[PDB]
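S.K.: Residue strings, one per chain:
Number of protein chains: 4
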Amino acid sequence: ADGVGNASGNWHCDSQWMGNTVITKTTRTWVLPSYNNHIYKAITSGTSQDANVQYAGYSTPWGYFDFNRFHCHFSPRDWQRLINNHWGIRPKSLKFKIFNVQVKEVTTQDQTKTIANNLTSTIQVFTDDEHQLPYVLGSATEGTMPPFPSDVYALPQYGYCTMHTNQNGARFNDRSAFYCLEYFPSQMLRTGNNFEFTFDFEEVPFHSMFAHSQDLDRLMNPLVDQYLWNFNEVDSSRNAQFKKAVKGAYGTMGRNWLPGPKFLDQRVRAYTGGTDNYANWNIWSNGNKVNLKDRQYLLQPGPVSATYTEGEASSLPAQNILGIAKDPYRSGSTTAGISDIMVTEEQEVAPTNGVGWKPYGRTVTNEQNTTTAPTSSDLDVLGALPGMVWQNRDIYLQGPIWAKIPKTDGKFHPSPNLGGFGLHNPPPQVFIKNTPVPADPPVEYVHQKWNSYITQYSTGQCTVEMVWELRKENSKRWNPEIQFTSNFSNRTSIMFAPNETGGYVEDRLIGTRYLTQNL
Amino acid sequence: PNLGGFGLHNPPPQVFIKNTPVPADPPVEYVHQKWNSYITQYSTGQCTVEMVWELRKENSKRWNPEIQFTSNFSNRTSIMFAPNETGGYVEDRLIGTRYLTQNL
Amino acid sequence: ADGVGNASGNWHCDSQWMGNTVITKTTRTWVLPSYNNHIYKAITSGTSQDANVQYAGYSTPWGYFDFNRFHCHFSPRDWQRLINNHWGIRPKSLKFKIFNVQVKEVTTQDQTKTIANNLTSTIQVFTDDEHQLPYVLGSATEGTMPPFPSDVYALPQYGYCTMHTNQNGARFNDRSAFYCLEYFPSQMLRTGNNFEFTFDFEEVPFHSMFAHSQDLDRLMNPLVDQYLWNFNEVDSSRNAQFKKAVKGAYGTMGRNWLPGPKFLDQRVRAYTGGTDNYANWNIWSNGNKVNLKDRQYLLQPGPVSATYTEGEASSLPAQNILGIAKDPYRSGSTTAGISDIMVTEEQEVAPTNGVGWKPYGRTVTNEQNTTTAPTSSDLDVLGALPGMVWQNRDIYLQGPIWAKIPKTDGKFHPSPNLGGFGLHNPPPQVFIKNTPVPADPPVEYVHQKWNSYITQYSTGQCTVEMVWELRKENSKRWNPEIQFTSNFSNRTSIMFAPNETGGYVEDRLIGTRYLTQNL
Amino acid sequence: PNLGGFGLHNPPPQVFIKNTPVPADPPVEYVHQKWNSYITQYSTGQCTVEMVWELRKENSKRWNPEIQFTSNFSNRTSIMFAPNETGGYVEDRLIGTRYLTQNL
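Line by line, the protein sequences give chains B, C, F and S. Its first residue numbered 214, the first sequence is counted upward by one per residue in UniProt numbering. Its first residue numbered 629, the second sequence is counted upward by one per residue in UniProt numbering. Its first residue numbered 214, the third sequence is counted upward by one per residue in UniProt numbering. Its first residue numbered 629, the fourth sequence is counted upward by one per residue in UniProt numbering.
Hints are computed from structural coordinates only; laboratory data are not their basis. No residue lacks a Cβ here, since even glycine has one placed at the ideal position from N, Cα and C. Just to be clear, a hint being listed does not mean it is correct.
As the list claims (entries may be wrong) - Just some of the chain S residues that point at chain F, by a computed CB distance under 8 Å:
no.: 1; residue: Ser688
no.: 2; residue: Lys689
no.: 3; residue: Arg690
no.: 4; residue: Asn692
no.: 5; residue: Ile695
no.: 6; residue: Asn731
no.: 7; residue: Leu732
What the hints assert, rightly or not - Over 12 Å on every C-beta distance to chain C, these chain S residues come out as not near it, computed from the model:
no.: 8; residue: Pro654
no.: 9; residue: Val656
no.: 10; residue: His660
no.: 11; residue: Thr676
no.: 12; residue: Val677
no.: 13; residue: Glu694
no.: 14; residue: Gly715
Said to hold, decoys possible - Stretch by stretch, here's where chain S covers chain B in the computed footprint (C-beta under 8 Å, at least three residues):
no.: 15; stretch: 253-263
no.: 16; stretch: 382-392
no.: 17; stretch: 649-663
Let the sequences and hints guide you as you build the complete structure.
M.R.: Structure (structure tokens):
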């Protein structure tokens, strides 16, 4: 294909806007180590007796590419052009390349590393097109490409969980599956070789890049009464009374449509002002949980809900938020306060979704009679009922693009709770390993497992090219709308740029919902 | 369906069968009454049911062996899923379909 | 196909001799009962604790046709034309018909049976072409067609043995297979319907219809010496001496060929004269046995051996014989003497096979030296060695035609020990049942197994047409040969004919080996 | 073969591989001697083996279920027929071919 002295690819980063489509291209330099030192390891939770944290699986010698966050594909300026001018976006097609491969050997002598080119060494690359391997993308995990184009990123090690059991610690059982990645055809690359593949997204709904400019309970003409007559009260004579729904009677009016279903969330005050928190409680005791088998885990974030009520504006739904550290590299060994963490604000869905820590509503709790007074209480958690409408969670420049829909007999509204595009056929996983280069063999043959290798690592460039379909904003609104703008003011470095020491700084989460549209 | 199986808007049609009434001896002099007199009839025959089933082939890269349904009944006085000494057909074990595994 | 008042077939019995082939046709009337009363029964050896007699299997409602004896297809006169004029025979093709079917119902009232035609009732018939059912033909069991054409024969009930285990009696295990014969496509016949199928035999060796006129040790010219010099003796001086094999030295001559391999058999005197028997011993204690799993059983009859030495002519090899009762219907509840039993005489194979109760020969038992004298003993039992030649067992007018070769990785000379033609693909089994006719059902539906049936039985005619390939006798022998002839003399009924009460009498076994041929 | 497998008059050919000797520095003045001086070499690479196997399909009228090879290993600290914690590949069970049954 190509020799030692020719480049096998070129650098491509741009965004192209044509018609109803935008094409993003981005190139990175990647680094791949040799993971596990060329073996598979059965990994578990060990002696841990807590069923909730138990797991069983395998770490592999293979690495992988994760481009599943938007800021991989969009500059902040391009994200601005997207969210200010368009009502919708969905992924269409994908092209991925690996080129300019460099395999290097590391030799240590007397605490002295020397790095040299190994020109005859290979890397192996394959994509899993039929989704025959455990799919670890779409879990919102690190190891994604860094947003900034000149940043290098080490490829994460591939591993997976498989079925486990609880007896005196995690154990594999008969349903536990092992996957050898060397049991798949992969092409081998020396420095001259390159790799590419293409992918087409299935048809999915456009993400809704707008906020509603109307509330689900305001849909009627304010100037006219309804012709409906609703039950009002029972008179002292015990006879039922009916009241006409009249203009301004909004509490009593009959409606065709209901807010979407929701869990109840606990409210926390994350910002200055408003109703203050109770002290010394953790979400693990008091939060929403999911029972699965013998295990519990916190239900986070669940379907999206409105973030706050006005006047309570500093409060958050505890578990309904996506937190992201302002410093991507901040260590998770210690907790952080609100000042260190970017938290998503879902207020755009307030017209249809209801606020997270508000109950869905009230429910009648009894059947009344002459001697039984009517009673009612809160409806905290409610499933789907005919007439409900809701919005999905917003997508963020720093958030995940897609998630793989689990393969199941049934689903309800398969929109991922973390946000993004639910896909029956997500983009295939791209696996990469350094081909093992054995060390010096013994002169006299011995029967043993081969543990001796030359230390290798590889580096190169990768281009990701995505095509995005757009819905144009079409609106007769007379007055100006809300736009995302730079209101950062005076700074010691440019926002969404490198700082003095070269660290890339994105301290603000950016959603898509700025333009408005009627219900 | 909660009991399991395939929910169908248009299920296989119901097949109805009756023995045609064969009236008994009528009265020589006509009388106006409902006719209750019949010759006792019954019928027998054979019926074939032919069904076509569409299958999805197992496609898996799993390295290790999987779970299979097998005969582990051991030593018995009659064959399992067979007739016994008096000819009664014996199926004492429920058998589901879920043995092969697949990732989520 | 046909109505109530038309015959669906005609009677065919003849033998046609054309060229190198003979075609036999024969027709019988058959009777089929309803076996088991329309159920399958799991059958075992019961509480029997003797491992040797244990079994497990199933009896079926089905019957079957067994034509696997020669006297089904050959009249005694045709058998005579065969054995006097031909050197060989093998089966070529087969045609079988069932026609003129009559299904009848039996009604018992007050110990009075009435039989009536049931015109709408059916029988079911199928052949197992792919040999997917346990093959019970070729075991030399009763239920074959009777030799005589006007005799009716009830069809035997079909059953089979399947794998069993020994624990506290016979048990089925996981390798035990059940076969539902209603799980096979079968055509259903009313009185107008008929059935047929054709079959082709695979190429097999011609049976050898001749006896050798030479002995395996006489093959040389008596007028000339050999040029071979054989070790003779060791002189008193300890030096070896060599002797020339000279004309008349037959004991000392070198030969190219060896008699066939054999088991040693015990001799019994079955006829008047010769060396008399020891008293009060049974073959079960003293005979040849086979160990199979935890079981023993008598090795009978094993490969064929010569029946006797001259001067011992009244003796038999105990287990190497085929006995057949002169009265086919004699009950097996009591033992019989030689006068009641026809016993095969294999003397034609004496040139190559050696006599059953004679050892194969002598063997040197030691390595001699100056202080060790040579020793030798009998070689009783010997397997196959390069240079052995042998004859198979003869076929008899009253004996089996074929046997199914077991399906195995390996075989040695797959000629059946009972005689006949070993076949990888034997003629298919023909299964027949009376279709169950249910009795009066209950007016009010009840959930129960249906045990109520109308008693049915069926009868009809069946034609078997076989084509046989022949080898013509070609011989330059000047003097007359041995022929099979009628030397019965004066009798109260014709031999191979009915007697005064109509019983068909064949009291003499007839082999095929009369013509002679050189080795 | 007594050890099992397929006896072949013409078995697959033996594949021989050597590292070509690379001689070391020769003497400037020619000497007559056997050459014992070499540069230490070893080689590595990849090899693919592709075999085609002919099969006979199971054809059986047996009504009851048969014996199948299945995973009945139960709970383990590593997957059976997989690597363990230290990466060693573990096959602790011999597996024959004879599970399906057939009449004699």
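S.K.: Look at each hint and say if it fits the structure.
M.R.: Going down the list of hints, with the structure as the test:
1. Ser688: holds, 7 Å
2. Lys689: holds, 4 Å
3. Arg690: Holds, because the Cβ-Cβ distance from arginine 690 (chain S) to chain F comes to roughly 5 Å (cut-off 8 Å).
4. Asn692: OK, holds: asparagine 692 (chain S) within 8 Å of chain F, min 5 Å.
5. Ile695: holds, 5 Å
6. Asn731: For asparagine 731 (chain S), the interface hint holds, since the closest Cβ of chain F sits about 5 Å away, which is under 8 Å.
7. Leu732: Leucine 732 (chain S) check passes; min Cβ-Cβ to chain F is 5 Å, inside 8 Å.
8. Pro654: Correct as stated: the minimum Cβ-Cβ distance to chain C is 52 Å, above 12 Å.
9. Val656: With a cut-off of 12 Å, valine 656 (chain S) remains clear of chain C, as the shortest Cβ separation is near 59 Å.
10. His660: holds, 59 Å
11. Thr676: holds, 18 Å
12. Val677: holds, 18 Å
13. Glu694: violated, 6 Å
14. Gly715: The claim stands: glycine 715 (chain S) keeps its Cβ more than 12 Å from every Cβ of chain C (closest is about 14 Å).
15. 253-263: With 5 residues closer than 8 Å to chain S, the stretch 253-263 of chain B meets the three-residue bar; holds.
16. 382-392: holds (count 7)
17. 649-663: holds (count 5)
Violated hints amount to a single one, hint 13; each of the other numbered hints is respected by the structure.
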